[PDB]
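Just one chain follows, in the form deposited in one PDB entry, and it is written as structure tokens.
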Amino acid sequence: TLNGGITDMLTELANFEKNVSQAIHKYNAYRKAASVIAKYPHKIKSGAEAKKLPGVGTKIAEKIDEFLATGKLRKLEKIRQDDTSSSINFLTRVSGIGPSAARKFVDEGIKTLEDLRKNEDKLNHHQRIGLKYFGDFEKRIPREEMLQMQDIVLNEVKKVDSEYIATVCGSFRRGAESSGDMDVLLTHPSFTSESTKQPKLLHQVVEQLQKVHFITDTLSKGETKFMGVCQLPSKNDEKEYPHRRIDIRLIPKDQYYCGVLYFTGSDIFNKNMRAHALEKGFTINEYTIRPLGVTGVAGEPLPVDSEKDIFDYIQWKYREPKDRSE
């Protein structure tokens, strides 16, 4: 990556603002700048040069000049030495522990992996599982393993009901060589925006995957979204594969394109595209794209028959999944 030092700096700042400062808009600002810089095809020579890019402002330009000149950022150097900031940042690496719980734990004297392990009864279910698999959840998933996981999920889903369609989204669908977790969009013709003609549609699928020992734990689960843990089977004498995060989202079948647009991401691409939609007088979620009335109230869902239809409404040329890794 041409500007890796700068993008790392901005990502670290973003994480600080999110985890410690609890300043969600500064977090988003920093990530937006990191992302636009990441795709810039030149090795940046100055803050001024960077400031030409949408999302990079005066303050980031100044940090960029400091970083280019010295290879570091004093602001970050100090943050890295601050024990409370260090502690809070670490604790938030556990799935289920956010900025608030992290600060609360540090208040109570719980601030290391050892502290967490001996205070399991101070954790909710989600946090308990995040702790259990702390190491595993920070590992990436090789695309080769994602393919094996895809094969199991698609085949087991088929065994439940041949009418289900499961689609692997997230970075996998963007063609990444490695993924952070597995994202599965699920549809069934019994569940549309007009009616739910069959209950337990998501449950049946979760059950089957648990039955074949693919899903190993559950972080949360409702009628349309499952958030849990899974694991590839290993062969005789073979070391086990790491446990992996899996998210499954059941989406009304007639709203598949908005759903797959959403679940394909990236997250920054979605924020950027949805913000552009608003500027264009539309609102996009995982279900529909709707016009904004003169008052700002969302109108009725617009007809959508492809991902491209959505791009057309907001006057964007189509971008294939592989070009949405912002």
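Between two forms, the rigid core is the largest collection of C-alphas that superpose within 1.5 Å. Positions refer to the first chain, counted from 1. First, how it differs from the form deposited in another entry.
- Among the candidates 209, 201, 73, 182, the CA atom that moves 2 angstroms or more between the two forms after core superposition belongs to 73 alone.
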The other form holds:
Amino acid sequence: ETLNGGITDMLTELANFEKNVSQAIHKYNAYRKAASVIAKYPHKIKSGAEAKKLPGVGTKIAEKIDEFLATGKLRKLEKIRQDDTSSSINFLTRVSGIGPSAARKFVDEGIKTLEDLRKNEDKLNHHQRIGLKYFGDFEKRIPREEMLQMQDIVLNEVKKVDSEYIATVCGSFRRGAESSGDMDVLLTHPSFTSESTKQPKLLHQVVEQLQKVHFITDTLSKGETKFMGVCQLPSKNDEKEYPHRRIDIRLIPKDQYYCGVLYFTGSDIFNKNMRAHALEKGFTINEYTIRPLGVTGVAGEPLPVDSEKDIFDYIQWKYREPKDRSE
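Now the other one: the form deposited in another entry, given that the block above is the form deposited in one PDB entry.
The text that comes after this line covers the one chain and nothing more.
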């Protein structure tokens, strides 16, 4: 957790690099399992040779570990770190819509900067266009102060559209959190469930609503069950206009809501742990449902769920209030 800290971080930086800058999935993959095991390795590593003994750790990684221990640094690491090429890639990827692939490509075109990015909006697609158009706000955190107004607004319109709807703003916001990155709204209607062959409009209605009253500014993407947009609190009585924010709206079939809700509320730690327990308790949890375990190694049979509570009950747990879903 800190006893092998440096080692693990160098290794991540290392891994990271193969994957984006170059394209060595392998190596990249190589670095992570290694950094994965050494992290667990409950003993302060004094040498490579020692590390080496680990699984995933081969000749190469050890070597690095040696120099890293020996001298407070790593050359290949210092070099990369400097190297404009790699730097440029890491950077471009910052724009919503820019992945490594494209990052790589732009660079080899000579698009190392945001300015360049501008001068070539032609080479960008819409996602990426919008991305650049809000690069700054994109990086900005969401003061919960803001999260509450936003939430407020969403709920009202949903409501007006159809009172049958069921929305939930999940995430960290849901778990107390002082800020959040983007808003995730969980969505399901009663007329939509596991069987009933879709209802696209079910989603499309509100997407339009919200958009109708200027909360929705732009559309990153829009499916029949998932919508990726850009919203924004109305700039009051002028002077303090609000930063553009990432929002994702999702249609879930009524019968698998709370699992989804449970799920989305996280935290990963509550998850895995909420997950580790359901197993002992004779089950299985997932992003959508919860099925009883059967001794033949496994089983199915998606249990009926009416609320976050139900699941707890199921795995006979203690209802943990969202605020305390922190682990």
